Structure formats: structure tokens, C-alpha cells
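S.K.: Residues per chain are reported as follows:
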Amino acid sequence: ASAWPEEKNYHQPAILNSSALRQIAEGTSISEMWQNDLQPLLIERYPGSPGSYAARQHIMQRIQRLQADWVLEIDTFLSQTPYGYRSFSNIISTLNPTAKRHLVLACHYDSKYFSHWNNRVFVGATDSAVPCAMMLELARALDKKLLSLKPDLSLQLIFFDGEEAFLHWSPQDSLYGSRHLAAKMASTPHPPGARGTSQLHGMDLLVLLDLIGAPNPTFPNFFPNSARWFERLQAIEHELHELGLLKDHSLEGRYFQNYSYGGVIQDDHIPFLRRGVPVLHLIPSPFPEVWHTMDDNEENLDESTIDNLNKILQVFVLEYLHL
Amino acid sequence: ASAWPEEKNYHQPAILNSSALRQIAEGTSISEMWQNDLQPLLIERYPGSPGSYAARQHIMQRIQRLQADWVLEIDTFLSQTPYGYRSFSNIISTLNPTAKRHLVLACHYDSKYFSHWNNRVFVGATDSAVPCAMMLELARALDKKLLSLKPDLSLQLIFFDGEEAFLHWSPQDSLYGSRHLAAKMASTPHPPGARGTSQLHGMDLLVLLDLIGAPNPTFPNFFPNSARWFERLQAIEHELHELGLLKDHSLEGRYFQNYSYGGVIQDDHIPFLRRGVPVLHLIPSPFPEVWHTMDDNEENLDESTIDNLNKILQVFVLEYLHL
Amino acid sequence: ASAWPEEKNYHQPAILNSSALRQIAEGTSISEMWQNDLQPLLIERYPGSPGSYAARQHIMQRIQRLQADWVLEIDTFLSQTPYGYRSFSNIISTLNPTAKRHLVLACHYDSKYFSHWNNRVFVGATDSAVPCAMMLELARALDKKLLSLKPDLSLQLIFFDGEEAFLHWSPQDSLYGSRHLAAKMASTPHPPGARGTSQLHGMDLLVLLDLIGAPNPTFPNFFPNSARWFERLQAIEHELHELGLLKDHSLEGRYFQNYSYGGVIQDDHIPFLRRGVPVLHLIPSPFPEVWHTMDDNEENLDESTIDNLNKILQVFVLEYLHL
Amino acid sequence: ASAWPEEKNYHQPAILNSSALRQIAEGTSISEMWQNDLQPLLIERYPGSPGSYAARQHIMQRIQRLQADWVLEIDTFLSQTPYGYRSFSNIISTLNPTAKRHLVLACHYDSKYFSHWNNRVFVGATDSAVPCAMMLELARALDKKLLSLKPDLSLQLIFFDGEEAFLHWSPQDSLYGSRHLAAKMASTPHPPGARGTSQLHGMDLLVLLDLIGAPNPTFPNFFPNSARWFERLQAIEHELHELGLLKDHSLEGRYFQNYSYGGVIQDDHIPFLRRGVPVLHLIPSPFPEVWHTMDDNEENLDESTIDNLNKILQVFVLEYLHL
Amino acid sequence: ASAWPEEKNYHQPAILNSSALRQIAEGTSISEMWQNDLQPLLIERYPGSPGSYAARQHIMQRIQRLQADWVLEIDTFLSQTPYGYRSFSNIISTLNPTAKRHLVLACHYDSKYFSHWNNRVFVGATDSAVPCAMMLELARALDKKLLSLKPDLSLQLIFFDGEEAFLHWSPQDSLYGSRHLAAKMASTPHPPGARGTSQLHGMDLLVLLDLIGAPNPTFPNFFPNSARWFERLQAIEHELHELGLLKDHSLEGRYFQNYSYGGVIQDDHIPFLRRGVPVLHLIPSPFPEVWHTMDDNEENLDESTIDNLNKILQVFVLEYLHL
Ligand SMILES: CC(=O)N1CC[C@@H](Oc2cccc3c2/C(=C/c2ccc4[nH]cnc4c2)C(=O)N3)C1
Ligand SMILES: CC(=O)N1CC[C@@H](Oc2cccc3c2/C(=C/c2ccc4[nH]cnc4c2)C(=O)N3)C1
Ligand SMILES: CC(=O)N1CC[C@@H](Oc2cccc3c2/C(=C/c2ccc4[nH]cnc4c2)C(=O)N3)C1
Ligand SMILES: CC(=O)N1CC[C@@H](Oc2cccc3c2/C(=C/c2ccc4[nH]cnc4c2)C(=O)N3)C1
Ligand SMILES: CC(=O)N1CC[C@@H](Oc2cccc3c2/C(=C/c2ccc4[nH]cnc4c2)C(=O)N3)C1
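Those sequence lines, one after another, are chains L, V, S, Z and W.
Residues 33 to 182, 189 to 361 (full-length UniProt numbering) are what the first sequence spells out, left to right.
Residues 33 to 182, 189 to 361 (full-length UniProt numbering) are what the second sequence spells out, left to right.
Residues 33 to 182, 189 to 361 (full-length UniProt numbering) are what the third sequence spells out, left to right.
Residues 33 to 182, 189 to 361 (full-length UniProt numbering) are what the fourth sequence spells out, left to right.
Residues 33 to 182, 189 to 361 (full-length UniProt numbering) are what the fifth sequence spells out, left to right.
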């Protein structure tokens, strides 16, 4: 158990400049996101459905066609549920799997099982297709900058499956994808041949996106081992603003407002947190008004707020990686 | 498994017009409740105890005497405790027990055990005699309308026994009547005949009333699968206010404030929450000042705040049941 | 000059002991107030009206009948208004008119002129009949302790006339009675014979009551030069509370919360504030909901808040005067 | 006098049902407003200038073209500035000028004077070109209904000139146009012939729109004498939200928050406030981030918000006018 | 059982008069503490390190050298970890081991484990060296009034070992020391020979200090079985300030603000709280900014604040113990 797993604790960012930041804002397109990356996912897609495979497919296509060398794996597994053994599949996409340290972005790509009602279907526009698209669009924008990876640090995306409960929310029935992936990663030497260090050691920070796409989001600072990273998002939000690069956005309505949170949301991060992974949980409090209703559709998304979180996060992420 | 277990997700209320709302508000007497439904319960009544039987008896007596078809059950049972096994007895009172779906109102009729001090005795008026009496008085004031039940939905009242620790707060030592009732219903088919679905699948909402009856309470919006039902309690409070139907009450001192709450309080709902029942926890934050002290008596209850909440709850219930 | 004009800055109260707080609390009766002091005032009573007179006479009769040596001035006077010259009548009751220094309580005994609208008349029970009676009740309950005045410091009460605009709020039309007195006072020498000091140099503190009687009031700390007396009002609420001597009260519904207030509220203090009197302005923010409507009546007064304030006010006084 | 000037104190809105409110939302077009009402006004248009005359022509045109018998004036006048006697020109558009009572909407069409700088020009998008287009867009979107006026009360719109300081904001150099009309109207008896009542007695309510157009406004409740009407804007806003009729909106970013404000803001309402007209000051606090900067332009206006406020305001007026 | 173990529920404090408050203030020297108590604890001191031993014996010499009859104990023990079985040594110092009841104060004497970075070492000044000292200095400062213990109630201190995770926070890898000592007290009868009552029955209250020493702490009121003692820490801070006995202190920066908390903090009290011991968790929220970084050094400790907290705590202990 060397010392590299503690570098995370001293990692510091490579702050960008007004000129770079300008380049970053102009290099992301919320409309190409909307059509190419997000509209394909707005379909029923609970675990094991045909939706799950169409969306699982859409995702890999969008990643497969970019220049950076993304090592997609599919992590199909079996688990009991209240309706019996079902088959889930997580999507992991790694740059430099051999890099010892990674920064991770993660969301969930299942949609909650619901029966149809008045012939509408639940599709989870904010829970969590926008997150999925955000991530996909971030690899698409930052592609040329992400070739530069050929500090030992790289980037992983993760699209978890079975996040949502099948029937009735509880530890036995939720977060099926993650730990799984947690427990699996916890028990896989890293780097290879390592002897005491798991892939979780190498997880520098896990940025979980969830419930994004409604208007007027407020993200809290949930955890102390990541507060400094949360503060970098505050600073980025503020700068992109002062340079004029955010859209319909005022500071009296920031997204990253410093406000500690009492309790804990259960979400895919809990399997990695209770293994001492640092988590930046970008889930808003309060949830959207359209949470878990058939109105979590596209009509009710805010394109401005997503373009904005996209700029911020893209920036966050290149400064993390010293790119 | 059919699709009726999800009907609840889309149930909307039958909002009363003004005329109606005055009619409900002239319909409840805090003074009747105060002396016929509540004062009988202000007695030491920890489990096993004699006021435990006396209280049980009383409660039943007051239901029995109503027109509506209230079906009473007892649910004597037995659990280990820090002072050894003891025998509890839940009261359930159901209308239309073959109705598939029910709104549940609930509270807890035991009283914490405390040795006597200075010749004083704990009777928990807010914890929870008043809630008890508020249900009784609801069953009374809306009798004639609850008749009209002969969408397949009725009402059910539960008065749990053993809410309180015997010694010291802890899972193994608390929540005796509810952890059992929730397990027992979770393993009873409903409707009778069913092959996939429990009586829990049938609980549309559990409205749990606890710690009520002190001046100036504020209840938060604890859970998002009942946020819309919370928002109706707000809407009712405002509209019953603007019509002059509430007493000693301003909107600057309202009870249902859109104030979400960090983490959780442990109470009789937990058993049901984790089995997937949506919960409206009418507990206040902060607790009353008398909480768990001899000083939690009548002399400290705001009669005016209870009248007002009777009114609110009774409207809520008529609106849920489309009465 | 001399240096008693500054004693007011160093004057400190004699705080009371639990035992004595009980006597004061037990010593006021809100029902003897409600009927003996207040209900007579719930009449139309605008300037020149016949109510102006019966309330004027009422107020005097009530004071006249106590044992302490209250000296009662009428300051009838003439001032121009939008409908022309009109006669007004300030009421001033004083103990030890030669005592160099006095603490002053004050309200306005007039009510706004509104025509009759569908058989409803305006009586201003908050604005300011209740404050009038609170003063009367204070003089009453403290009568026996107030004898003990045969620091050169006594008490004065002022019921102003003509506080309310006749037509439409403006400086030229409002505060007819306190614009007068403030200025007649600044130019009356005190004590008799003085040569560079006025009756205003002797106003230690003007405690002005306005708009009191609605539920859930909240009073700001308006001026830094009286803050410490407001801090004392806080302390007296708190302790009277901790001792069980308030009704329907909690600390989360405090009246005096040390929130400060931005701008100013014009009222009978202004003519004094602007001449350097220290003012303790007990007016709530926000105003009562019934402000300046025909619903500002007895129906919508909160008996228990008033009684709570009586006990807080009665204590602040005795403390200030060392009685 | 007569009784009628007090009518406004008892006047209640004719609340609209869901179907109505859907019609109104659908009746206004933000793009039509944008292209044909607001873009002509985004010019340098300070008093005297060619802008002011064009802007003035443009308002009249757009009014003239409508079916309701609007009565345009041009009150021109002369007043002394720090640079000497300059000529101004208010705009008044009235329906039914014998209508003894009017609800008045008003804003300011002048633009503040700035030297050109770095080849830019101040054009005052939010200050107040949008408020001018909103009032315009309301006269159009409600024309069919405003025609019904051939309670005696109609609608007047006022576009004030010279609101902005010439050199540096002082009571002498500011509000040229409103300080003028305030007086002119306070001395123009109403209705013709009257003998004690002016044109200001017949202002039920002045709704001043100022500095509207930026993301995330929050408007305070400035005056207790119009607070019942601010509440309705709260109510309207909420109901339109509940019904799907607002865009990129959340209740946690409400526009009208029951937040009362401290000290006063100087604007075109002051000449009318201190003369007794009740005012609804729809100005935001805090001001737009681009206040009095060259950056206050079309580019930084949030079309979504203005659309939402258009609808809210348009509803407010029908409800006031019983259409 | 017996009736002695409910006494905790009724204990009132012996509140100190101004005159003793001043002596207590006078009597603790922050400069003494810093030099004699705290500075020696500022070393790398994780479990089973030499620092640990150094740190461990030092504590004891500071208690050994006092005149009160403290009874040290080293409850050394072994436990499994992510790096093998290791050894841990609690420290407990009791006055009156046979006193049925005890006010316990505790903190943690380990340091997290960190590799050395840029030649820098983690010493944990807040976490929890300062609280270790504050506790020492409490006993120095209070030695003479403690001797008065030759209500059956005395004082205990506990310096837990192993609080901190070795690798990654987790119920398996944390709180070693308290989890041990909690179970061991749950399992020890007391007083000797009792047959149904354990040491934990005679923990009247557990006052846990953690993360103290940084600028501008704020401490929530975490539990209700202990709220009323928080209220006393609030009335103590108030009076000590209102008397000019605190330094660089304003009430708009109180340490104990009446803000309740949502979620929960894992710390060395958990094992006592879920066993029914009342806890006053004096951990601030938020955490120090320097938490678990190398900057948690002496340079970054607010000496004014610590001295202020020393006084509050010393008063609390005395009013509890009726000294
Ligand atoms: C304040 C807050 O939001 N939370 C939720 C997370 C939890 O704390 C942690 C989160 C992540 C890593 C952590 C810890 C944590 C908690 C903790 C608690 C008390 C401590 N005292 C000294 N070091 C101590 C460390 C720790 O040791 N490592 C409290
Ligand atoms: C507003 C707020 O602050 N909170 C705390 C957690 C969450 O808890 C719940 C409570 C009751 C029923 C629930 C869930 C809940 C949580 C949850 C958390 C993260 C999610 N991401 C996508 N769907 C997700 C669902 C769920 O699925 N069903 C609400
Ligand atoms: C509001 C809040 O912040 N919290 C966190 C602590 C937790 O409650 C306790 C803490 C310490 C000792 C306790 C209990 C506690 C909780 C509790 C909850 C609901 C109750 N309803 C009636 N008595 C009841 C008792 C109890 O019985 N003994 C609630
Ligand atoms: C929001 C807020 O807190 N304030 C303070 C004064 C208020 O202004 C008014 C505005 C318009 C018309 C008004 C008055 C007003 C004020 C007022 C102040 C003290 C009073 N005491 C009794 N009636 C009284 C009437 C009055 O009579 N007519 C704004
Ligand atoms: C931020 C805030 O909420 N406030 C209250 C009043 C405002 O006052 C000012 C203070 C200092 C310099 C100023 C002005 C000011 C006021 C002002 C007010 C209304 C306006 N509408 C359009 N331009 C306008 C200009 C101006 O022109 N120069 C501050």
C-alpha cells in the first residue's frame, strides 16, 4: 500500500484563464447535445427491458465515435429483486485504465419502472437522462483535449444501471448497479499486480450527477472531504458569470450555494462513500417538482440551466486534470 | 401484481369549495373532542398497564358509537424487551376492509414509562394523547360522510402500541406495535385472494400524527413521495385562513412551511417507510418544549392550535376520499 | 448645562427575582382589562367626534380612580388639516411632574376616519385601542407599587390624539397630537426654573405602543440608542417563559427577536426621535393583517398574546424604575 | 366630497378560473412583443433627443392601432435641469376618461444620458424599455376584452419622461415627468366639474413597472396599503405555475416573495405616494446586475421571465377590472 | 432496577452568581494551557505509535499532578483493522468510582494517520489536541473545588483512542476506542454488586468535545434528550459576555446558536447514544476549514476562542456538579 492513494488529498487544480474559459464555453453545444445525445434516451428503459439495451447502445455509440481511446466495458450481472432475478448492466468507459488514479463522473441510465398511465410512459428526463447526456456531451466537447493523455491521473465515466427501486425503495431494492460495482472495484488490485491497493484507492473523486435539468437548481455541499472541490465549482460558476458566459443567470440564483446539508440522500454514491471514496454529489435539493411523475419529460427541462452546468462541469473537469 | 398498486401515484383530490370549507369548519367542536375524546386518555398508560387497557377500551368505545361501519381489530402480540417479554395491543379500525386502497391515519396510544417523581406522573398529552383524540374527533365529525362508503378507496385508523422505548431509545427497544404491524401486513395478501400484492401495496398514504398540541408548531416536508400531499396541507391552511376559519393564527406563524428537513426522525412510520409506503409525517420540528417531561400535560396545550388542525386534517381527508 | 440630562445613558434596571416575577404575572387580569379598560374604547373615535370625548373621558375616569397621584393634563389645541382647523386633545397623566426625569409610555387614542361601509364602522382594536388599555391596566396593577413615589425619576403616560391621517398620509396630515406636544415640550423648561433644559431632556425613554393585539406579533430593534432596553424586553420574555408564566407561548414564537430593522415607520415617536429622545418603538413588523380594515376588531384579537405582553411590559417598567 | 374615492379600499378582484387563465396565457406573445413592441425602443432616447420623439411616436402608433377607444395625450412641459430649461413629454393613454376611477399602469420611457463610450450607447433595456413593451403588449393582448368598456373604473397607462437624473440623482434632478403630472393631476378636479376631488382621488392604484427584464427578479412588498394586491400577484403566480402555464419557473425562485423591504426606493411613484395614491411598485430588489451600465441591453434580457411576468400582469388587470 | 438511574432526568444546575462567574474566568489561564497542556500534544500520535505513548503518558502526568483524587485507568485492548490486529489504550480518569452518577466529558487523543507530505506531518490541533487540553486545563483550573467530593454524583474524563479511521471511514474502521468502552460499560455492573444497572446507567450526560479550536465555531443542538443543557451552554455564554468576561466576542457570532440539525455526525458518542446515554456533542458545524489537512496546526488555532470556550465549559461543569 504505497503512498499514491493519498495524492488525491493534495491534488490541486490548474485554474484556467479568461481566454481558455471563453474557449470552453464556446466549445459546447446544448443543441447537439439535445438532439444527438439526449433525445435518443428519452424512452422507457428499466432493467432488462429493450429500452435498457437501446439506451445502453446509444451511449456506447456516442463514446465509440470519439477520438480519445475510451475503453468501454459492460458489467452485466445478476441480482435478486422483488420480482425475481433480473439482469443489469453497468457501462464503464475508461481512459488509461492503467492510470493509477482516476477522476470519475457517474450517473445512472436506468429509468424507474412504472406502468403506463393514460398511455404515457415514464422516461426520466431529469432522472437521469440529462445527466447521461451531460456526460456524453462532455466527452464530445473535451475530446481533443482528452487525447493528451496518450501526475498519473485520468478520467472515467460510469453509467450505472438499476439505480432505481423496482417496487418499494429500500436497501434491498435500490442501487443495484453500484456496489455491485463498488464491491467489485473494492476487490480488484490497482494498478494491476498491485497487492494491497484496490481500484477504489485509485478513485480520486467521484462526481455523481443526478436529478439535473429542472430550473433553479441548488446543489448543496454534502461532504467535508470534497468541500474544496465544491468550492471550485462555486468559483467556476462565479467566473463564468462575471465573464458573461452564462445564460439567463444571476448570482442571486446561483446553483452552488454554500449551505451545508443535514441528512443524506441515498443515491449511487453510498456504496463508494462508505468505502472512503470522496464524493461530489451533484443532486439538487429540493428535487425537481416533476420528480417521479410522468411530467419528468422534456417539455419541462431548462436548456439554459443545462448549458450552464455543462460549461461549469467541463471547466471543473479540465482544471482537475491539469488540462 | 396488477396495476392497482400504482393507482395511488396519480390520485388527485376533490378540492372543496368555500361553502364546503365553512361547513366543515362549523362541523368540529374542540370542546367536545376535548372532554369526550381526549380527557379520558390523560392517564399513565404504558404497556401492560391498566390505563393501557382502559385507554384501548375507551378508544374503542368512541368508535363503536358511530354510524360508519368501523371494523375494529385488536392485535395483541408479544415481543422481547429490556424488561423481558411483554404483551402489546394495537388497535386498527377499518372502513370497507375489502377496499383495496386505504388512506391511513395513525398515531400511538402508549405513553412512556417513567417512575413517579415528586408525586407527578407522565401522561404524554402531546405524545400522543392529542393525536389520538384528533383522530377520534375526525371519525366523529365526518361520520355522516364516511357513511357514503356503504375509485375503490376508504379510510383506516391505527393506534399503535409500544411506540416508546421502555428503557433507552434504540432499534431493538422502540416501535413495538408498528414494526410488527408492518411485517404482518407486508405478509398478508390484499385484497383477499391475491397472489402478488400485500395490504401494504394498499396503503396509499400513512398520515402519522405525533407530538402535536403545543403552541407554534412547524411541520416540515420530510419526504418527496408525499410532498404533494404536504403542499395540500399548506394550501388548505392558507385557504382556511383567508376565509377566517382559523383562530389566533397568522400566515406569519403558519404550521406547514416549505422547509425540507435534513435527515430523519425515527417514529412509527419507519417500519412502513422502508417497505415502500408513502408517509406524511405530521411531527413537528422542533419537538414541543415539554417533550418527555412531566410538564407535558393539559395545562400546556394550545386548544386553539388543535381546533385549527382538526379543521385542516378533516378537510384533507375529505378531499383525499372525494367526499 | 448640568449633567442630569445624561443620567439616562447610564441608568440600569433593578431586575426581578423569580418570586417577584410571579407576583407581577399573578397581578394583572386580562379579563378585567378586556371589559373594564378595553371594551369602552372599541368605538369610532376620530377627532372631534363624540367618541373622541367618551374615550377621553373614559381614559381619565379609569386613571382618576387609582390611588397613586396621577396628575392629568388635557392639551386641547387647534391644528390645520385638509378639511380645515380642528380641535384635538392629547391626554397626559404624570407622576411627580417635578421629577426631573420620566420614563414615558404612549399610544394614540384616536381611530382613523373611514365612512361607514355596509354597516361596518372602524374601531381600531389593534390601532390602537389595545395599547390604550394596556396602559390603563399597567397603571392599575402597578398602582400599589407606584405609590412608593410620594434617582429623581417617575412615570408618565401619553395618549395622543390625531395620529392618523384624515385623508391621505403625509407629513402635513398626520401626527397632529405628537407634533404639537413634542414641540411644546421642547420649549417648556424643566424642572420649573430651569434655564437651558426642557421637558424633553427629561424623557428618558419613550416607549410607544402601536398595533398590538394580533396573533404572533414580532417587534424589531429599531434604534441603537435603545437597543439595550430592547435586549431587556427579550430577557423578560425569556425568563417569564422559562418560569411558566406566559400562555400559548414558545421561544420559537418569541415576540422580541433581535433582528434589526432597515428603514423607519412614521409614528408619534418621530416628532420626538427627531429631537433626540430615545425611543423604544413597540410596533410589529409586519403589521397586523387587519390593518386599516373594518376587520380590525375584537373578534380578531388574540387575548393570550396581549396578556403575555402585559406581563412583559409591567416588568420592564418596574425594573426601569426600581420598584 | 362624495363617497366614491373610498371605493378603491373595498374593491375586490374577479378571480379567474383555470380555463380563463389558460386563455390569457395563450393570448400574449412574447415574440410579437419583442419584435414589434420592444426593439424599436432599444435606442438612445433621453429627453430632447431624436430618440425621445421616435420612441414617443412609436408608443402612440402601437396604441393607436388598437380597437379600444384609447385616448392619447402628450403633456408637454418645461422644467429646469442642471443644464437649464429643457422640454419633456409625458404620454398618457386613457380609456373612458370620465371613468371616475382608474387603475393605472405606468413606467418610464426616457433613457439616462451617457456619453458614448468606446463606441457604445446606453439604451436602457430594463430601465425601462421592457416595461414599456410590457404595457404595450398588454394593451394588445387584452384588446378584445378592453373594448367591453365602451363599477365605474377603467384603465390608464402612463409613460413618464425624464425619470432619470441628468447629472447626478437628486430630488432636484430626477422625476421630471412624474413630479409634473403628480401636481397637474392633483389639481385637475375629477370628474369634470367636481369641487373637492382631483384626478388623484380617482387613482385606485398605481402599478409602476421599473427595471424589469433580467433573470431571477424578486419583487418586494413595499407598502402595506397595497399589500392585498401584492398577495394576488403571489396567488396569480402560484396558480399559473400549478397549471403548467409558466416557463422555466420554479416556486423556489418565485418572483413575488412575501419579503417586506426596509427603506424607500426613489422612482416615479414618489410624487404620487406622498400624495396618498396607493402604489404597487413592481421594481426588483436587488437591481439588475447590469443597472446603469452599457451592458443593459437586449442581449442580457431573459425572454422567459418577461413572458412569465406579462402573463401575471395581464391576469392582474383583468381581475381588477372584472373582465 | 432502582430509582437512582432516572435521577439524570431531573437534575437542575446550581447556577452561579455574577461574582463566581468572575472568579472562574479569572482562574483559567489560556497561556498556561497552551504551554503546559496543549503544546505537548502536538505530535504525530496515531494508535500504537510512539507519539501515541508519549501523548498517553503526558495526559496522565497532568492529571497525576493534581490534588483531586483522580483514578487513572488504561483500558488497553486489541482490535482488528485494515492493516491487522493492533493495540489501543483508552484513558479514563474518575473521581469517586463508586459515585453512582457521573458527568462525563470526553474527547479523543489519537491523530489520524497520514503519510508525510512535503516533509509535513499531521498533528491534528483541533482534532482533537485542543479538546484534550481543554479538559486538562479544566481540571487544573477546577482542582480546588473538585476536592470537595472527598447527590451522589462526580466527574469522569475519557480520552478515547482510535476514533479515527486507519484507512477509510466506516463502522468497521473508526471509533475503535468508544465502541469498546461502550460495550464494556454496558457490560459492567455498577455500583459494585448491583444486579440490573451498568456503568452506562450512571453516565448522567456525556459531553463530547471534538473539532474545537477554530475561528467562529457554531455548535448545533443535536439531541432532544440533551437540549436543555444546550440551553444552559447558551445562557452561560450570554451572561459571561454580558459581563465582559469573554474576549473578542459578540453575540452576532455566538458559539451556541439555537439552530437544530438535520442529519447526524459519526463520532465517539455513537456507541453511547444508541445505548441510551444522553449526549451533548460539542462538535461545530461546519467543521474547521482545515479539517483533516496539514494546516490543522497550531498556527491556525484561535486562542481567543478557545479561552472563551474554556470558561463556558468550566462554568457548566460546576453548575452541573453543584460546585
Ligand atoms: C459534516 C457532514 O456533512 N458529514 C457527512 C460525512 C461525514 O464525515 C466524513 C465524511 C467523509 C470522510 C470522513 C468523514 C469523517 C467524519 C469525522 C467525524 C468526526 C471527526 N472527528 C475527527 N475527525 C473526524 C471525522 C472522517 O473521519 N472521515 C459527516
Ligand atoms: C428532497 C430530498 O431532499 N430527499 C432525500 C432522499 C429522498 O428520499 C426518498 C424518500 C421517499 C421515497 C423515495 C426517496 C427516493 C430517493 C431518491 C434519491 C435519489 C434519486 N435519484 C433518482 N431518483 C432518486 C430517488 C426514492 O426513489 N423514493 C428525498
Ligand atoms: C428532531 C431531531 O432532530 N431528532 C434526532 C434525535 C432523535 O430523537 C432522540 C434522541 C435522543 C433520545 C431519544 C430520542 C427519541 C426520539 C423520539 C422520536 C419520536 C417520538 N415520538 C414520541 N416520543 C418520541 C421520541 C426518544 O424517544 N429518545 C430526533
Ligand atoms: C411596510 C412597512 O412596514 N411600512 C411603515 C409605514 C407604512 O406606510 C403607509 C403607507 C401608505 C399609507 C399609509 C401608511 C400608514 C402608516 C401607519 C404607521 C403607523 C400607524 N399606527 C397606526 N396606523 C398607522 C399607520 C398610514 O396610515 N397610511 C410602510
Ligand atoms: C440597490 C437598491 O436596491 N437601492 C435603493 C435606491 C437606490 O438608490 C441610488 C443610490 C445611489 C445612487 C443612485 C441611486 C439611483 C436610483 C435609481 C432609482 C430608480 C431607477 N429607475 C431607473 N433608474 C433608476 C435609478 C440613481 O439613479 N443613482 C439603491
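What the hints contain is simulated information worked out from the structure, not anything from laboratory work.
It cannot be assumed that every hint is accurate.
Because identical chains share one entry, a pair is satisfied inside a single copy or across any pair of copies.
Claimed, not checked - Think about it this way: if two alpha-carbon atoms lie no more than 25 Å apart in a straight line, the pair counts; the simulated DSS-like pairs of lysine-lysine are:
| no. | residue 1 | residue 2 |
| --- | --- | --- |
| 1 | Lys182 | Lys144 |
| 2 | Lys177 | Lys40 |
| 3 | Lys132 | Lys144 |
| 4 | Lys182 | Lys132 |
| 5 | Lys176 | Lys144 |
| 6 | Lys222 | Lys176 |
| 7 | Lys132 | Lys176 |
| 8 | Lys285 | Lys222 |
| 9 | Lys177 | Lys132 |
| 10 | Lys144 | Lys40 |
| 11 | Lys285 | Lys40 |
| 12 | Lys177 | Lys144 |
| 13 | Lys285 | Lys182 |
| 14 | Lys177 | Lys222 |
| 15 | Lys222 | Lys132 |
| 16 | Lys285 | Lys132 |
| 17 | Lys182 | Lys40 |
| 18 | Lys144 | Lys222 |
| 19 | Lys40 | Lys222 |
S.K.: Quick check: which numbered hints come out false for this structure?
M.R.: Hint check: 1, 5, 6, 8, 11, 12, 13, 14, 16 fail, others pass.
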